[PDB]
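Let me begin by presenting the structure, written as structure tokens, before commenting on it.
One chain of protein is taken out of this complex; the other chains stay put.
Note that the chains are named A, B, C, D, E and F in the order they appear, and that numbering of residues resets to 1 at the start of each chain.
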Amino acid sequence: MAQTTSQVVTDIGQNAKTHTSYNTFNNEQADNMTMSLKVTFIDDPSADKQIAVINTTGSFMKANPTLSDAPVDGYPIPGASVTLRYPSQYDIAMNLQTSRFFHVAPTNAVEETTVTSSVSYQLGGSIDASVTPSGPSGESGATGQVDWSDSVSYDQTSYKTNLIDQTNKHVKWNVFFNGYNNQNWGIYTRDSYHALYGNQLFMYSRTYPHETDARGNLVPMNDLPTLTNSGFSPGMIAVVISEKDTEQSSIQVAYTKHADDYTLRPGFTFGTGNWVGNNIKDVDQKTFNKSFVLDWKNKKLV
Amino acid sequence: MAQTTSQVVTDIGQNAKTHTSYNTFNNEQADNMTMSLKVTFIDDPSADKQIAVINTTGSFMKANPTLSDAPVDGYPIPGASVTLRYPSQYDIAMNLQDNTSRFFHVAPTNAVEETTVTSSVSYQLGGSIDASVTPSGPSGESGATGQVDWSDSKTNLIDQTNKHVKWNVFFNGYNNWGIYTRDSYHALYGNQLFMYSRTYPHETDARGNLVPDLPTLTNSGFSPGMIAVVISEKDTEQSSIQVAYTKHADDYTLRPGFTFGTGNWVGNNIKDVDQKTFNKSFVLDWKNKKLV
Amino acid sequence: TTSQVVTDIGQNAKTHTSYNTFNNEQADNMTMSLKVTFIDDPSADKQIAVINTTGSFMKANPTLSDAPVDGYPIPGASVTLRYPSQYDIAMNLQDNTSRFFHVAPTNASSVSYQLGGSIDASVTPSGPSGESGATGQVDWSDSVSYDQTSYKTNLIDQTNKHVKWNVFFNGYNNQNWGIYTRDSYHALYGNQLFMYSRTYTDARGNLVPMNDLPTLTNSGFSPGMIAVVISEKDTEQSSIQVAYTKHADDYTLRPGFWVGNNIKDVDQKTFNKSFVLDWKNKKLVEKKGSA
Amino acid sequence: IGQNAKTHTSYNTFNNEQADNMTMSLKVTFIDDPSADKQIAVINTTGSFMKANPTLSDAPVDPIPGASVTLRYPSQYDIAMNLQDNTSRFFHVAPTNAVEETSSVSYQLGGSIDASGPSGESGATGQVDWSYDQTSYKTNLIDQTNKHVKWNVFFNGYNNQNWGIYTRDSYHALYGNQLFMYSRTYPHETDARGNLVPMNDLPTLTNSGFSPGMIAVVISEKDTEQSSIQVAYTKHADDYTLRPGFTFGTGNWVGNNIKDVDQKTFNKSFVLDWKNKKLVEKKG
Amino acid sequence: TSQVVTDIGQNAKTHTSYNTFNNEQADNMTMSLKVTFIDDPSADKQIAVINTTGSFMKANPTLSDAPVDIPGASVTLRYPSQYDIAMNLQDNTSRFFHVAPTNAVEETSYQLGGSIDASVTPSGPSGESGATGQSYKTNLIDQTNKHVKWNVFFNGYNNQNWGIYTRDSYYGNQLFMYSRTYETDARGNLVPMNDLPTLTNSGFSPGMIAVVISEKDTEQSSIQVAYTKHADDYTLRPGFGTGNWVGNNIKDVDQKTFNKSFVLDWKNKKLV
Amino acid sequence: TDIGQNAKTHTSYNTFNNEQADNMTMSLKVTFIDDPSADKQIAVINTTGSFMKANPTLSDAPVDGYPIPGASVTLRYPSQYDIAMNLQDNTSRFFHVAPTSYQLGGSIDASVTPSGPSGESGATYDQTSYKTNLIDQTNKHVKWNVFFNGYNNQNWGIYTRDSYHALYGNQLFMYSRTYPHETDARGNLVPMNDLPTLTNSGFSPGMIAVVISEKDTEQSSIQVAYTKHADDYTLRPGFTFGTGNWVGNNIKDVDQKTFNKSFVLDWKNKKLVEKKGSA
Partner (left out) sequence: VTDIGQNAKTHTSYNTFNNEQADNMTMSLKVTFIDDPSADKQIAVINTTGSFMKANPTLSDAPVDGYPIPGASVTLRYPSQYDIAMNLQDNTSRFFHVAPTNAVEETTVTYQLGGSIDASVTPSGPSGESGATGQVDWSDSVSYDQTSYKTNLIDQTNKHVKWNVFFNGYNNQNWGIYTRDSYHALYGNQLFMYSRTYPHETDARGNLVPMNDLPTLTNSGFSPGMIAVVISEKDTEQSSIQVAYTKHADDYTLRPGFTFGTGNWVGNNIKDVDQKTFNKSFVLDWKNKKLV
């Protein structure tokens, strides 16, 4: 179609569809994850090989606990120890054990900016008068300003969906986390340090905290993004092509969840009147992999 | 399409077993809710299994009463408790019995949220001259400044499975003054989320000091459009899904918890006060491809 | 992962029926309209029928009290105008459960800091001055939209029996919204939602004109609300009701105690009618038979 | 409707009223669905109607040939379809009326030292800050029935050379309405025919004319045989006038308008002739 | 309902697209036409849609050039203003109706203060407490059944990034002046043509569409198709005391016409 | 109202050639449609391909050396581009062508000494790359000038072929002034890719025209001209006034590279003229 040619023609799908859509779904309840996949085989005899479109769907939960509960520790210990396992990285892999992973979705696109360069200049003039013991003034101003502005459609932290290293064998994605505006103040990230508060991305009372248990001094789950409390739903699409000479293959479909443990403690300097929040990188990881046979003669999948 | 493929090929619906649309509707009047469902069976011979799409519509009423008319009977602590049951969460769950089949693709989900952080910087210069009387007397001025300006500008999915899928319809904020949330704290007012009149209007009962001017949903109701999909083997015959409908509610009251000078009425609201549940099961016949 | 027009019912179906019935209620100058279409999918369990309500209902906004206009208190401004506020339209299935069902429509930080520097001079003095400023701002703003004129097709409670809609009124910018946010207040003006002149003369011509206000408020809204009823092949008849209502308020002005006042629903009139949904021959409250 | 019904009997009938240079147009297509109960017919009104904006002053009457100059600027354009109160029932009319679709607070702090009266400071400040058809041709659906349907495309106000905003109702402080004024005090004693903003210096429609696209539909039983619909077209006019001598002071020009001065209507009926649907007056 | 159907297109017979193009080189104008005759049996009459395309040049000269002459230099430029297009059917034949495109409508705080000041021994502290409270419009003159007209006026343009000047903006007019300060030939003190709007230096490309219907009994018709160009003569003078450059223009100076007739045969739906 | 109903044919032809002197690539896409319902036969011509800018600084190559006359850097940056289509003054007809606030105040102050108050009461563009114009067409010669207007160099702007300054001249392609690296200005120009996508790479024409001739008529030798035009901005610390003020000025049409090839339209003989005979 890029050469004033008919659309949906250069595109495979003319007198050859057979549309052999298959589905297989599975759950790993230990980390309460739900895999989904959607394959459709297209075998056009005009081509040399048989094409198969793979669509992964479903969702994968954050499953956000607070696993270290030391409420205040008034007298013996220098203070509380409350942690929260906030997930950060969500790597998804499809490792072919055959034939190449031809297409990969989504990809990288443009980022939208609006940089502004403003200049303004002014003039002034005034008069003041008096009669009885009092002095008059005068004024005649002149001003000139230059303003520069920036603005980008950054998707808060949400979870940015980058396309990490591909292969015709191993496809990967690393949908990371960036930062959030806790209680309308922001934007704070995983790096932002304060001399007397630490990281406040997960702080609840943003002015001065009453001396309460840190198990209930966290900003609530739903006071944070929709994904961070619920889970992301993949829509990643991949395609596999194999020759009519070639036959059955054995795919792997891995889904992972990196997790971070943002912690609140007075034990990490001060924290008595205020309350300090801290973050230690890459704490929890869990993996669940699964293999699948791609039949190519009857164009099923088990 | 995104795979340089022809449009509408990867998706099923070709020489497939019709669009067996079924329908079932009922009303639970106690909380006056009206459930609706519309299933469509697709039996693709090219596929290995049989597809069925479940679409949930209809409507759920809020039925928001004012159950505490204290200011009207005995004025306890001048101008007392008027309560309002503002519902907050609306969980809808579909829990298939843990022996039969698997749940599959579900709509809606959570989505990326986009923000726009701005960084503006401006710098200027100044200059002026003054005149006076009493023979001879000018002044002068020469300014220089620089500014930096920064500007900026919920349907949650609680744990799902191939067996139990659930959603959490949260609440975000309200305004003509600034945003206030389900937790917004005032040192001398508490939560003022639905406050109308500050400092008392006429020492009136709080039955008529509430802001009426608020969203369409509360009172009227939102209509769900949630979609789910189930696929089952061609050999197997039946299944027993559950469909739970819930309404968690909060009870914001306007009472003299605190009162100062001109009756500065105080408002407080506490989460998840009232709950109501309404479940019903449905038979997933797979050989005759219906559902009651 | 589904195709287009595949989850939708509409395959190898049977005669789409598409009947019509229109009538006028002239007392309140009302025009009722209905759009029924029966669709009988053999693949389904039951028979589907889509009802589309159309036509219109006029506001016909008068000023019905123009006489106190001479002298002595309560005089040349005791002018009332019956401005309607709420427009509920109801479809109450005969309490017997013909299974109502699906329905349409439905319901749904800045910071700036600066720095300064200056010098002050004179003519024959002894010393100059200097200045070094520092500023920092924090700005928070909001803005709402959607249905400002508030003709919002809210969906008040539906059932398997009675479906309803409430297109109410919130507020508008009369003249130039110099005041009145919406059924609001003023300590010396009252409600200014319907004020033309703040100082001004007969009060019949000191009102902001009918056409100086939104298109609907002077003319009337046309419903397009559609509902669908599905019933078993066992059933052969149905009995919906179709109510049309017009709640109205009587906004009145005053010279002084220029005071204006909004008054909650005072006078209303309704026009409802039921319809027979014959399912074995697809007739309505009209026409006859055949064979 | 209109599914596997065929017919699609598009007819056309046009006439011109040259006195006010109006051009009526109609576009009917009859659809007879056997699945339906009755016979459907959609009528589409098109064509145009001119504004014909004159300045008909200083006309055979002439010390003041440059005084009291009027312009008959139209305001309302009502289009009506009045079936006689004994026929087949009017139904759906297009278009309809639709819904038409900020608060900021900022607080700051200050503090300064003036060195190198003024030798100290400490500030605190707080601020609170709060799709118009400017070419006002609002297309309202004014009172109708299943017998007489009407429309009121009225006019509201304009942005005179981006300077305003003035309406036909709101009046300049001590000038009346200046919406069609070009120069307020520069031409001190000039002829009043030429102190207006040109016809083209204001919206596109105001000097030329609107083309209707109003569509209506009539349905009648298959038992019934004939109908006698009427379709009226009207043209209201306003009288904005310019004169000098207001309160003197550099020739303040008086701008005034006494509303609803001239009116014109152009109606004609048509026989639908269901028998053959000829929809062109006449008879059977 | 049947409201958005109005289906003439359906089973439209003969699809008789015709084409004819011509040029009038004197004013470098190019007329184009696209006719299609449709004889729909469902209709009463036979319909024919005419689509006008092509282009028309501005051809902007400066034909009065006295280079350096209180009395100015008198260099004028004939910048055209109005572009009238007329279609004059003889006042006895069938009807004309419908016109595309059409005209459209146009879519268009309280604060507080506070401060405190400190100073030295006999000076005194201060305070503060503030409070505050705050063009190528395409017009469609009336259609008729025979004689249709178009005018499509223009008002003004914004000279290089500054201000706005119209066909009535009174330096005098600087609409076509480049530098006002102060003295070459006045033929070359104008802002360059490509530094001015795209239309002013090129031309307009008509896209006007019209439709004609005629009764099945009657035969042939004799339409006119006029193309016109009203022109204005903007004039430049370099002082007409400081030496500033003054610009003047008077409306409706030059007009030129190029008309052509066409036979509407109706029994075979050919247009020559 | 559009030709394409029971019209068959669909005889898409193509002819491509390269002009290596300016490294230009002309492309053509003709499709003949002979609708029997019409009177004449329709043929749609679509010109595609691209033409490189090839923007040099003709004062280049390693310098160091022993130069007396300062630096003297020039750049031949093209401005206008044209795609004329001139059918021979005796052929068929060309029928259609594409593209075508107030406030108030009040305040109070308090002080020391007898009677010490004080009061206050206040009361108050498709720039940056080119333009796609259509100079007047005819039924014989259709021709357009895709010229260039202005750019915002290094976040400062906007500057244009007319942009003036009292002490720098035109700075449209300036990187930095006053003392810029005070080296050769060959590496003091704003980089070519710091400028529009077109200016450093080349524009791809997409102009569409259509030719129709009567079923009676024969032959229509057309001609497809392709041209370019460059501006010559000069910048040097050898014609200026020393004291920094490194000024630079720009002039008009200086370089041109026209390319032509009268493809015999063959309004019935298809095979557009190509390598004439065997190659």
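FYI, a contact is a pair of C-beta atoms (placed from the backbone, for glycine too) under 8 Å apart; a residue touches a chain by one contact, two chains touch by 3 or more.
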Among listed residues E:161, E:181, E:242 or E:268, the absent chain is touched only by E:161
Omitted-chain contact residue, chosen from F:71, F:198, F:225 or F:273: F:198
Give the residue, chosen from F:117, F:242 or F:277, that touches the chain omitted from the document. F:117
Hidden partner chain, residues of chain F it touches: 4, 7, 9-14, 16-18, 23, 25, 27, 31, 44, 48-50, 52, 54, 105, 113-130, 132, 152, 155, 157-158, 175, 191, 193-194, 196-198, 200-204, 271
Please identify, in ascending order, the residues of chain B that touch the omitted chain? 4, 117, 119
Against the chain that's been left off, what residues of chain A make contact? List them. 1-7, 9-10, 12, 14, 44, 46-49, 51, 100, 102-104, 107-130, 132-134, 137, 139, 141, 143, 147, 149-150, 152, 160, 162-169, 174, 176, 178, 191, 241
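Methods note: only the chains that are shown with their structure count from here on.
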Farthest chain from chain C, going by the mean of C-alpha atoms per chain? F
CA centre of chain A versus CA centre of chain E: separation in Å? 52
Between chain B and chain A, distance of the C-alpha-averaged centres to the nearest whole Å: 22
Per-residue multi-chain contacts in chain D, two or more chains: 1, 40, 91-92, 103-105, 110, 118, 123, 127, 129-130
